[PDB]
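Chain by chain, the residues:
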Amino acid sequence: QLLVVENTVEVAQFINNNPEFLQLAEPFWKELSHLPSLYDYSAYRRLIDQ
Amino acid sequence: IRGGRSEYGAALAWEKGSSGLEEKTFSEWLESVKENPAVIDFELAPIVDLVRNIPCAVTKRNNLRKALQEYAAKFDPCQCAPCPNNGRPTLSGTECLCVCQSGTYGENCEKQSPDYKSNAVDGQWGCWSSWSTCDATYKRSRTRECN
Amino acid sequence: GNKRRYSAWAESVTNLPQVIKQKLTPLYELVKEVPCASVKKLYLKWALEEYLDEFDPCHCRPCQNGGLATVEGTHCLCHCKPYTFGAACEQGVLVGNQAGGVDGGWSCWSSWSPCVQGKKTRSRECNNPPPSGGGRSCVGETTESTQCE
Amino acid sequence: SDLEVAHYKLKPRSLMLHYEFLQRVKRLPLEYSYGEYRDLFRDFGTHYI
Amino acid sequence: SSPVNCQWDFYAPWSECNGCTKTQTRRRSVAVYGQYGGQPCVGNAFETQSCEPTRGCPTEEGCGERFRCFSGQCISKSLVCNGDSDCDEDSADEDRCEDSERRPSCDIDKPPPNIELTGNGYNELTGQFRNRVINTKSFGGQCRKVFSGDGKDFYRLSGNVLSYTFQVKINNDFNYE
Amino acid sequence: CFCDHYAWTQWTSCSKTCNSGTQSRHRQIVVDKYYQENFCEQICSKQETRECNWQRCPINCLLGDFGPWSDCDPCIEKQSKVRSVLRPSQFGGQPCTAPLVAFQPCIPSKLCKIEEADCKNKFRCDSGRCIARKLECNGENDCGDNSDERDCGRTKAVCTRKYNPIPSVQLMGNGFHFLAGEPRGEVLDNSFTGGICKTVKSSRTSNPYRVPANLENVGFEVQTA
Amino acid sequence: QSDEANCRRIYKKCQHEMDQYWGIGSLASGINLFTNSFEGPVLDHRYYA
Amino acid sequence: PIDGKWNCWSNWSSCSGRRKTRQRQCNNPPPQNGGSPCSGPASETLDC
Amino acid sequence: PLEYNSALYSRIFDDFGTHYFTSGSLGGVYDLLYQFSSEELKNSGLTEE
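In order, the protein sequence lines correspond to chains Y, V, B, E, F, X, H, A and G.
Residue 249 is where the first sequence starts when you use the authors' numbering, and the numbers rise one by one after that.
Residue 444 is where the second sequence starts when you use the authors' numbering, and the numbers rise one by one after that.
Residue 398 is where the third sequence starts when you use the authors' numbering, and the numbers rise one by one after that.
Residue 243 is where the fourth sequence starts when you use the authors' numbering, and the numbers rise one by one after that.
Residue 23 is where the fifth sequence starts when you use the authors' numbering, and the numbers rise one by one after that.
Residue 22 is where the sixth sequence starts when you use the authors' numbering, and the numbers rise one by one after that.
Residue 95 is where the seventh sequence starts when you use the authors' numbering, and the numbers rise one by one after that.
Residue 489 is where the eighth sequence starts when you use the authors' numbering, and the numbers rise one by one after that.
Residue 346 is where the ninth sequence starts when you use the authors' numbering, and the numbers rise one by one after that.
Treat the hints with caution; some may be incorrect.
[Claimed, not checked] Restricting the straight-line Cα-Cα distance to at most 30 angstroms, the calculated cross-link-like pairs of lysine-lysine (DSBU-like) are:
{"id": "1", "chain 1": "V", "residue 1": "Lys509", "chain 2": "X", "residue 2": "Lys131"}
{"id": "2", "chain 1": "V", "residue 1": "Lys477", "chain 2": "F", "residue 2": "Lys132"}
{"id": "3", "chain 1": "X", "residue 1": "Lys219", "chain 2": "F", "residue 2": "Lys99"}
{"id": "4", "chain 1": "E", "residue 1": "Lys268", "chain 2": "F", "residue 2": "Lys44"}
{"id": "5", "chain 1": "G", "residue 1": "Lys387", "chain 2": "X", "residue 2": "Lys67"}
{"id": "6", "chain 1": "F", "residue 1": "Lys191", "chain 2": "B", "residue 2": "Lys420"}
{"id": "7", "chain 1": "X", "residue 1": "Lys67", "chain 2": "X", "residue 2": "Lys37"}
{"id": "8", "chain 1": "B", "residue 1": "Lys400", "chain 2": "F", "residue 2": "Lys191"}
{"id": "9", "chain 1": "X", "residue 1": "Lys131", "chain 2": "B", "residue 2": "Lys516"}
{"id": "10", "chain 1": "B", "residue 1": "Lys429", "chain 2": "E", "residue 2": "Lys253"}
{"id": "11", "chain 1": "B", "residue 1": "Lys517", "chain 2": "B", "residue 2": "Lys442"}
{"id": "12", "chain 1": "V", "residue 1": "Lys554", "chain 2": "B", "residue 2": "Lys420"}
{"id": "13", "chain 1": "V", "residue 1": "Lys467", "chain 2": "X", "residue 2": "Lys222"}
{"id": "14", "chain 1": "X", "residue 1": "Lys219", "chain 2": "X", "residue 2": "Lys143"}
Think of the hints as simulated: they come from the structure by calculation, not from any bench.
My request is simple: use the sequences and hints to build the entire structure.
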């Protein structure tokens, strides 16, 4: 039996800002714009899927 | 391996270890460490010293100092259970992670190397009590039990 | 693998690195800058829990031999430990070393108690499978409680 | 060997159609007449990625 | 073990009606998960109905004094006509802009080698990275250079990323038996 | 003895789920001519035992109730509600999973008392930072948005050359989270040159590295530590 | 080019040298799912807006 | 080994459980040390 | 905010940490462990009658 397990890390960290200062991607934002503003789970499930 | 450049760090990490250091490899890695060092040690100062030359700088500084005292009291790692093998706990607010002494490994430092001595040597701070009621001289106090 | 093969790979991952460690924030925290943003944010919170309900492998009866069940659409699969093939991982044998037994597994949450005093409550039962043969206990709390809406 | 070299995603909305597909859709009869929609599929398939 | 074929639940009661589309919906949950190779439940999990809406469709707010990207995202006018695409998919802030009026926003344009992966969403159950949620390349008109040290190159970070650093770690484990 | 002839029983179930139980197994010994002659009684191990479940038992996270909503800040106009961890998870217990802080849009009672800082004479960058007036038109970007260079005549040729940045110098300017022992967001801009060219050369062959103004000293001596 | 004819001044937005994504045009063509066959073009992956 | 092949699924049955059927007829697996039977669903049923 | 709010201010420690380096040392760390094990049994029995 042999096991090898290995990692290399090249970006020690990235830290994204908190949600106040994050800029949304235009497509994701444009999708949020069309969310039905009511609990129609069919839409939100599409968002969570994508 | 920590610090260096990916090629030479990788190459050095891949040495079987039957031999110890391959001087070519180690020396190249050290050169890359000169090219891309990693933090080894440091002397901290509190971040509240830095808030300066801003609108309401003093109000925000004193609010931040109060918030720091509350935040530390809220997230002091003495609410962690103790790490084994003299591992030291650290708290990411919701989870405690153990940092391992050299000569112990596994995810929470659970298994010793063959050389490891003095097993179950222990000792680390508990956190402070809440403050006492004010004494005769109107001083409060708190204590931590080394427990 | 050859030392040169591995070193060339480890260099090339400098230019095409993947994400390999992460800390996560719920997606609803990003609902922003839109009409009714605050309402949609709440509804997306409620959507995420419903999604997890739809997908928690608690819905899957156990695999043998430590196979991991997971939800794939409307049916489960077993992700078998190496060389332990078949529909439930019933075939073949495990390589390496194991503690054996049957590791216990959580059954799905009950529906919440209805907001008594403004508080919800729910429970789980660790019977899928029950821990057996010295297999380890299921890991986690049996019950939860929370504020209402 | 399974090797993966990129991930692709198409936008979900307001897609720009190809001229040939655009024309071929325009010419579709409003009445249901299977053979023309079949020819559409034969020319361009049934699905997009 | 026996295959078990999936079974649906009954249909749920309808959603409230969408004031924009005027459509209701109802889902049909799985009553029994198919298992051990049993058949998945066939058909769609949902159906739709037309309605008469009780609620109005909320309108967009404008950008006001802010610049309006063609999608309708808004940005500070200081980013307009700037030499950076501060609208991300649209680049309307850089439309109709004289290159003699532009100034070089930064020495460089090259972001870190895969920073876009830091902007993907993530699915915790499946564990797979999903599509682009955050714009990782809004430079905000800053010239935020970092020297990678590793990789021996300069990269331009976005204006808002809290940190991005290139110290390296390696881990190797062998088990011969 | 060829001790494999007296094959092992399978490992006894792990003595405990966690905190290092042990599992063990005897051989299928049969006392026989082969057992007597080949020193098999002497040198075959009758049983073996090993450690198992060495990882420490998991600890699950626990949380308290949310407190009251805070009195609304008139400038942020969000009211904040918080709760505290009663014990952390560790050793692979259930994560706390729920957010520790909630925000709600209020309608505030008070007005904001904020005002902009005029910083007297200092050059106000468009970001609203003020920097020493001499850094206007300095020939380099010190406002970060180049607004000190927004429009200039005879900019000073501050430095003769594009001197190199110090290795990883920004790591010196990241903040640190002492309760977690890990770096966090960037706090000091160790790109800021102060408008001076002061420089340190690591070796006679090395190019001079430009020292950023946040650093009082750098040394390049190699130590083993 | 009917968008670029008669223009008094052209505002070249990308001064830079740009490649297309490799094989990106193939993904713009629809598939017959049943046959897994790529067919005629359905989406225009040379439109950049 | 002859592996199974499905015939075409039968036409849609009437409402009260709209339904189709399949028979593995198109190539019955058993011949020549037959291969695997065909996958299901040997019959399939749906809303009207 | 100018008024005190423990949450909003605590996000400063979450994002940027509690402290900063006044001084320190940068370099690298090498750690290795190797653990070989080997065993050999031989048997050579002869019996004759």
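How the hints compare with the structure:
With a CA separation close to 23 angstroms, the supplied pair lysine 509 of chain V and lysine 131 of chain X stays within the 30 angstroms bound. This hinted pair checks out: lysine 477 of chain V and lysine 132 of chain F have alpha carbons roughly 25 angstroms apart, not beyond 30 angstroms. Simply put, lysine 219 of chain X and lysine 99 of chain F have alpha-carbon atoms about 37 angstroms apart, too far for the 30 angstroms limit, and the pair is violated. In summary, the hint linking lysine 268 of chain E to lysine 44 of chain F is supported, as the alpha carbons are separated by about 28 angstroms, within the 30 angstroms threshold.
Restraint check: the Cα-Cα separation between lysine 387 of chain G and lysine 67 of chain X comes to about 18 angstroms, which is no more than 30 angstroms; the hinted pair holds. Between the alpha carbons of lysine 191 of chain F and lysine 420 of chain B the distance comes to roughly 18 angstroms, so the proposed pair stays at or under 30 angstroms and holds. The suggested pairing of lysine 67 of chain X with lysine 37 of chain X holds, with an alpha-carbon distance near 23 angstroms, which does not exceed 30 angstroms. Only pairs whose Cα atoms come within 30 angstroms are accepted, and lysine 400 of chain B paired with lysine 191 of chain F is accepted, the gap being roughly 18 angstroms.
Pair hint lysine 131 of chain X plus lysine 516 of chain B does not hold up; C-alpha atoms about 33 angstroms apart against a cutoff of 30 angstroms. The straight-line distance between the Cα atoms of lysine 429 of chain B and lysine 253 of chain E is roughly 20 angstroms, inside the 30 angstroms bound, and the hint therefore holds. Among the hinted pairs, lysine 517 of chain B with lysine 442 of chain B is consistent with the structure: their alpha-carbon atoms are about 16 angstroms apart, no more than 30 angstroms. For the proposed pair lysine 554 of chain V and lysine 420 of chain B, the alpha carbon gap of about 27 angstroms is at most 30 angstroms, so the pair holds.
With a C-alpha separation of about 25 angstroms, the suggested pair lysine 467 of chain V and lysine 222 of chain X falls inside the 30 angstroms cut-off, and the hint holds. Restraint check for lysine 219 of chain X and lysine 143 of chain X: satisfied, since their Cα atoms lie roughly 23 angstroms apart, inside the 30 angstroms limit.
Hints 3, 9 from the list above are not met by this structure, while the remaining hints are.
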